[PDB]
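Okay, here we've got a single chain as structure tokens, the form solved without the partner chain, with questions on binding and movement later.
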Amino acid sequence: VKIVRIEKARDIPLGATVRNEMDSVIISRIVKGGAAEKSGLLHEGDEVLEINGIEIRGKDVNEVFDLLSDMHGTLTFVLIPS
């Protein structure tokens, strides 16, 4: 279990595409040059369990987009790496 912090600006994406697998929310790609690539803490293959005290596991891929679009500053990610 990995607990990491990655900065994000208002309405500027982190650069991490999300894929759904059963209930669990997964990260499928890391965008070249984004805040997820330059930090080195978010990887293609990790599972997103929580983001800033909000349960991500068991949520639709469209809800994780909405939750993230209204986020800024230090984002605490609870993950299960590949």
Contents of the next structure:
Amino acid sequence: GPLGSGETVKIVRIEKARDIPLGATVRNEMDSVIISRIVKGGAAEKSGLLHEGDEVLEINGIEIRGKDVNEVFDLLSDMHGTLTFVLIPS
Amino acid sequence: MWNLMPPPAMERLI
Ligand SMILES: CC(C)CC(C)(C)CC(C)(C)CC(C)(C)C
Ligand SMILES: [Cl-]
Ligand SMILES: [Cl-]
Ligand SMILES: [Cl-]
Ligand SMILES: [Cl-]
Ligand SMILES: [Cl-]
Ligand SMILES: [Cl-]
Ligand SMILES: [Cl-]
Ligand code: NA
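Got the form solved without the partner chain; any chance of the form solved in complex with the partner chain too?
Below: every chain and molecule of the assembly, starting with the one above.
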């Protein structure tokens, strides 16, 4: 710091229902995918484990870094069950 | 100001 991506990752498990969004939004900062806002009452809020500024590296073994958020949107819409996120916390 | 500022990043729901 300030250079380089640091010495920590955070792994979180969150339950997603079929065909219902987890209730978090994402944006790109270039290749990266960053949690932006949280839906009130949704699975992400209830978990307390996803926050603004968290960078999503991987979900369930899928490399998320480098994807446009339009691609991430489509991928997550096809997922359910326990999702394991690998994050760089804000 | 309305012209030098960077535009908002696109946001998508997951
Ligand atoms: C956890 C299990 C009881 C549910 C299932 C994964 C086998 C089925 C599902 C209904 C939740 C999956 C799907 C929505 C894709 C049809
Ligand atoms: Cl850097
Ligand atoms: Cl660090
Ligand atoms: Cl942590
Ligand atoms: Cl389900
Ligand atoms: Cl469902
Ligand atoms: Cl849900
Ligand atoms: Cl969206
Ligand atoms: Na789907």
